[PDB]
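Let's start with one chain on its own, the form deposited in one PDB entry, as C-alpha cells.
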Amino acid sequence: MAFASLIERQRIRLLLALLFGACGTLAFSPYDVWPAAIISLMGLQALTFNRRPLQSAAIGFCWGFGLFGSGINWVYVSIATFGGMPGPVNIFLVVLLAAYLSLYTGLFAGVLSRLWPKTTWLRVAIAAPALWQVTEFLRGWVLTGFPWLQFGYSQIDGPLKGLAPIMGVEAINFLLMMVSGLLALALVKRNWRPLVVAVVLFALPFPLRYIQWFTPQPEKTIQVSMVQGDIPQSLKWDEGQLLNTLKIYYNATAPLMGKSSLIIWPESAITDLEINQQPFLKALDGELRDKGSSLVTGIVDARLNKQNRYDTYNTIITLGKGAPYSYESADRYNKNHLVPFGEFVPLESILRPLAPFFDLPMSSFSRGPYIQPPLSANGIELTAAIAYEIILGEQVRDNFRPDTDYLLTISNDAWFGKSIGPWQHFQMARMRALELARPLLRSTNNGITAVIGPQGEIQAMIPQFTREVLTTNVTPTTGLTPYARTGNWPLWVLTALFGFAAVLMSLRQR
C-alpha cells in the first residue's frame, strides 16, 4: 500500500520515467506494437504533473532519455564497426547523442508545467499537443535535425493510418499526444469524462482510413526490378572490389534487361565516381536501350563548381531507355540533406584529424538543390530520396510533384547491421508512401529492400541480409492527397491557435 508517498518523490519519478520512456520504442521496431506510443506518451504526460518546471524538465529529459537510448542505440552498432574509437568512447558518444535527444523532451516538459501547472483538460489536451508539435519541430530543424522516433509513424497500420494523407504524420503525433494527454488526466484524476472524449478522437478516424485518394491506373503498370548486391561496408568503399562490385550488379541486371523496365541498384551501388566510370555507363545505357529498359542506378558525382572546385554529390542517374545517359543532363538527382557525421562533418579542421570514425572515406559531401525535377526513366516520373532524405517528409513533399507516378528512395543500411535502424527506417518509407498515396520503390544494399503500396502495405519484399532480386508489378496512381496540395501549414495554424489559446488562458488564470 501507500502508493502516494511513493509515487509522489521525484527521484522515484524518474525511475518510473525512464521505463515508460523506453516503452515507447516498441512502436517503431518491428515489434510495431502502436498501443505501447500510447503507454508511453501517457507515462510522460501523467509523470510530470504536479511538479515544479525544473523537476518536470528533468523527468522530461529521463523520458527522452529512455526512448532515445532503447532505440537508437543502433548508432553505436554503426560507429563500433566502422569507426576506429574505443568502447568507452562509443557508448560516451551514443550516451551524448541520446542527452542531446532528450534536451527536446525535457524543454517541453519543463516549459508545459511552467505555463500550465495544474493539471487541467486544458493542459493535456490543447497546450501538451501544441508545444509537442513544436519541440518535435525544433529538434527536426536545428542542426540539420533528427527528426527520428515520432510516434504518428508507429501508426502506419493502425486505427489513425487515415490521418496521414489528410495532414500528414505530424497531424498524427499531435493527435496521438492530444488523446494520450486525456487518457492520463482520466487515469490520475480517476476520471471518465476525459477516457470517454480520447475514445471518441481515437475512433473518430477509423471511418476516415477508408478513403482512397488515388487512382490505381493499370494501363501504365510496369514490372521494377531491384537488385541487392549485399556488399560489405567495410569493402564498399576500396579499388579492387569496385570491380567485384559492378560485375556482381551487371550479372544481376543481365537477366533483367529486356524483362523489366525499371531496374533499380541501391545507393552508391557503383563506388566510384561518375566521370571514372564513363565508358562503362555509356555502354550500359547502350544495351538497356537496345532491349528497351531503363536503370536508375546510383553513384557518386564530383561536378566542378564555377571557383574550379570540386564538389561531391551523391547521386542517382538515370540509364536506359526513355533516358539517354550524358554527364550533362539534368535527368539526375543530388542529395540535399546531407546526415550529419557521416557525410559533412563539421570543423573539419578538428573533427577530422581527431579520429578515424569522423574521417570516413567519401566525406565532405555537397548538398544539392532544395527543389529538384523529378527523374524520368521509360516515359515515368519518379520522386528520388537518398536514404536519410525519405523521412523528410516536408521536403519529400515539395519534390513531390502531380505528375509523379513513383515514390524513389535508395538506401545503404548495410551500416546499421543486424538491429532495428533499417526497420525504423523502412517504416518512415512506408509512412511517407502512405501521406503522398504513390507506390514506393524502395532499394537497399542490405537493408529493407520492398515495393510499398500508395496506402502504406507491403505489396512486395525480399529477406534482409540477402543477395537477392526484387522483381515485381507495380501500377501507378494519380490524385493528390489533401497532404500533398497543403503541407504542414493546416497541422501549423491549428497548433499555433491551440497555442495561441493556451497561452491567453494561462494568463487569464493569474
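Here, rigid core means the biggest group of C-alpha atoms that superpose within 1.5 Å across both forms. Positions refer to the first chain, counted from 1. What changes on going to the form deposited in another entry:
- Rigid core superposed between the two forms, residues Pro159, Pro346, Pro324, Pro232 considered: the one with a C-alpha shift of 2 Å or more is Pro346.
- The two forms, fitted on the rigid core, differ between the two forms by 2 Å or more at the CA of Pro356.
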Second form
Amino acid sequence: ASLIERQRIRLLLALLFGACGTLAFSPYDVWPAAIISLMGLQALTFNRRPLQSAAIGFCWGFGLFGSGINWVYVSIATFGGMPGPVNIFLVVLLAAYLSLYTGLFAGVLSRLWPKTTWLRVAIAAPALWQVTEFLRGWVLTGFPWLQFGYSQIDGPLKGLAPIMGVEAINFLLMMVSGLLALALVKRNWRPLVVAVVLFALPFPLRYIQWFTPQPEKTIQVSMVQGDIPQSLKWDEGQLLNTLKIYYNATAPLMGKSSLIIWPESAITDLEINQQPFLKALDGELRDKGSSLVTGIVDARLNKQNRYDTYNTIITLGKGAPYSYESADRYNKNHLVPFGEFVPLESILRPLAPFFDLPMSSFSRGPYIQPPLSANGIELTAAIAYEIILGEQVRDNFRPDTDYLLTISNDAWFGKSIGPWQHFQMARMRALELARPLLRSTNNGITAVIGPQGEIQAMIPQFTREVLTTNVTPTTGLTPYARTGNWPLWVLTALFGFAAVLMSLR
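Following the display of the form deposited in one PDB entry, present the structure of the form deposited in another entry.
No partners, no molecules, just the chain.
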C-alpha cells in the first residue's frame, strides 16, 4: 500500500525482477525464473503513466541486461586496450541500449492499453513484445540475446519449438506470465486458470518427434577442442604450434572417425597461404577414409580487384576433395557487431580512437548457402553467432541436411555465463529443426546435441581434448522448418490488429 504506489520503489523493484530473468538460462537452468521475471514486468507496469511505464520497462531491461550480458566485460577488459573505467561504461551502454526496447515495449503498452485487463496482458502485450523483440534483433544487425524462449529447452514448452519456433515460446511465456500477473494483482482466479491451461496445453507436444532416425547411416564424429589461448592465438609463431596441435590430435582419428570437425578459425593463417598444408592433409584424409571440416579465414579477390576477407568453413578429405576454387565452403554472413565489423563505421570513425574500434572488417557471405558436403554427408553450417539466429538457420536448412554444424570461439569471455547462454541457444536449433547439432569450440562447450535439443556427448571446457562419439542422422521436416516464423507473425498480426482495434474504442 504505502511506498508501492511510488515509482521509486516500483522502479527499484523492476531491477530485481529484471535480474531474476538471467537465472532462467543455461548456467542456472531455472525456467520458473523466466515466468517470475516476465510476471514482474507485467505487474509493475499496471496503473502507471506511459512515461512512467517506460522507465519501469527500461529498469526491468537494465536489470536483465545488467546481469545477463555482463560477461561481455570479460572480452572487453581482457583484450580491449582501453582504460578500466572506459570498459565499465561500454557494458553499461550496451545494457542501456538493449533496455530501450524493453522500455519501448512498456511505454507503448501503457499508452494504448492503460486499463489493466485481460486484453492488455494476454492479447496486447505478447503481440507488442514480439514486435519490440524483433526490433531489438533487427536494428543495427540486432542482438537477439537473452530471449526467454530459449529457457524452455528442457522445460515443458519445448514441444512448441519444432512447431512454431523459439519466438513462439516467449510469445506464449508473455501470455502465461501476463495472465498470472493479472490474476495476482486483481485477486482473480480466472486469469490463473487460463494461464495454467495455456501453459499445460503444449506439454503433450513434447512427446511428438517429427524425425525418423537412420541407424544405417550412423557415423563416428570426432570434434577437436584445441584450447588455444585467445591472447596468443592470432600471432606469428603460434601458427605452427596451432597447426601441429590440431594435426597431431586428428592423426589418430583418421580412418576411424568418418567426420572430423575443428573449431571456428582453427587455422589462423589465410587459406591462400596455407595451401601445402591443406593439400597434404586432404591426401591423408582421403587415403584413410575420413573427412575434415575446419574453420579458416579466407581472403578472396572480386570483380573490382579488392580483397574480401571471409570467415570460412573449408572441407577436406573423402567425399569432398579440397580446392581453393571450390563450392564446399561456408562464408559467415551475420558478423558480430564491434567484433567483426563496426556498425555506422562512417559515423563512428571519428570516435574510433580511444574506443578500440577494429580497423579491418570481415566480408559478409551470402545469406543463403548450400549445405556442406563431407563423406556423403550434408551439413548446415552456422558459424558461432549465427547459431542464435533461428530464422537464418532455417532458411539455409534443407530436407537433405543430415546434421546441423556449428563452430564457435568463446575463448574471449573465459569463465563466464556467456558461453553457456550461447550454447543454450544452439540447442534450440537442433530442437526446432529436428537435426543433430555438431558444435565444436576452441575451448567452449564442444558438444553433440540430439535432434530433440538433448546433450548426447559433451566435454569439459578449458581443456585440450577430442569429443569422439557416434551420432545417428535424422530425416523428416518439422512444421517450423516447413513454414518458419510466418505462422507466428500471422498470430502476432491477428493479436496485434485486434488489440489495436479494441483500443480504438
